[PDB]
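Next up: a single chain in structure tokens, the form deposited in one PDB entry.
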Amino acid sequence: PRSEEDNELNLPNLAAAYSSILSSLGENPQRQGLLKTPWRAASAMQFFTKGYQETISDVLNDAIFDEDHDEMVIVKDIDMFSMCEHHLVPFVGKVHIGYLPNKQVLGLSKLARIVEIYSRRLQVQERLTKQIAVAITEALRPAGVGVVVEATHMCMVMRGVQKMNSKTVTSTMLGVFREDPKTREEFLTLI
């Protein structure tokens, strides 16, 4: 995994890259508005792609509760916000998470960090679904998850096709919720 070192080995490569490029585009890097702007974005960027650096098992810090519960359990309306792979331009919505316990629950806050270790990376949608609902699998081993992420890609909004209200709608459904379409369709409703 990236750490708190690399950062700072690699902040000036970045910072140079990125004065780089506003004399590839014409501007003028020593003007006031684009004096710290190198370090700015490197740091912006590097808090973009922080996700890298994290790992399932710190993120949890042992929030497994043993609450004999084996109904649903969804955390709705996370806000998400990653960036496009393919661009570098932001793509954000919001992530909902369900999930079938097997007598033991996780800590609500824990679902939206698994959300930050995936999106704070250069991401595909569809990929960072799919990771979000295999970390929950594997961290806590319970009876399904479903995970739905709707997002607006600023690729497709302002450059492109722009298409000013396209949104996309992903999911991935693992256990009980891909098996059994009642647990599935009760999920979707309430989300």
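So that the term is clear: the rigid core is the largest set of C-alpha atoms that superpose within 1.5 Å between two forms. Residue numbers count along the first chain shown, from 1. First, how it differs from the form deposited in another entry.
- Summarising the superposition on the core between the two forms, the listed residues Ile64, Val134, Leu35, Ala44 contain exactly one with a Cα shift of 2 Å or larger, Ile64.
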Contents of the next structure:
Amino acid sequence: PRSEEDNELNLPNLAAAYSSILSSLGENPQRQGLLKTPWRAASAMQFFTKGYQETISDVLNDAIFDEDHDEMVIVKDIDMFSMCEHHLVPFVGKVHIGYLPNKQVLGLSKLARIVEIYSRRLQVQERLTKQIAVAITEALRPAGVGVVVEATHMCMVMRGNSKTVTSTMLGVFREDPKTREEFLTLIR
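Having seen the form deposited in one PDB entry, the form deposited in another entry:
The text that comes after this line covers the one chain and nothing more.
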């Protein structure tokens, strides 16, 4: 994964590229709000991709056991902020996670941490959705997991708004349609 040493070393390279963009756009990088912009844009881009620094394995250290709880757990409206890999323009929305545990439940804070690791990268919504559902499956080994991501893509909102919904259903969520209906009803 990416490190703080890498970030320190690559910051002047990113600032050099951002200053070249300011020049190529027909702007004077030696003006009022454009003086510190090569560095500010570089630091913003490093923050938007800080998920590369994290590994899902080290975060996973919280699979708390449940006593006789064979019931569906849902965490809806988790704020998600990601970067489109095709155009390098943000896409912002919400993630709705649902699962049927098998003696192990994940902490609420840790569920939102999985969303953060994957969303803070150059992404495609379809991949971010599957990554979140696969991490949960591998962390808890549940009966099933359902992930629904609804986001507004700026790369087409700035072009002339429409929401993109992607859903990954695994285990009992994809096989039992009565379980899937319950999940989709409860996330409303």
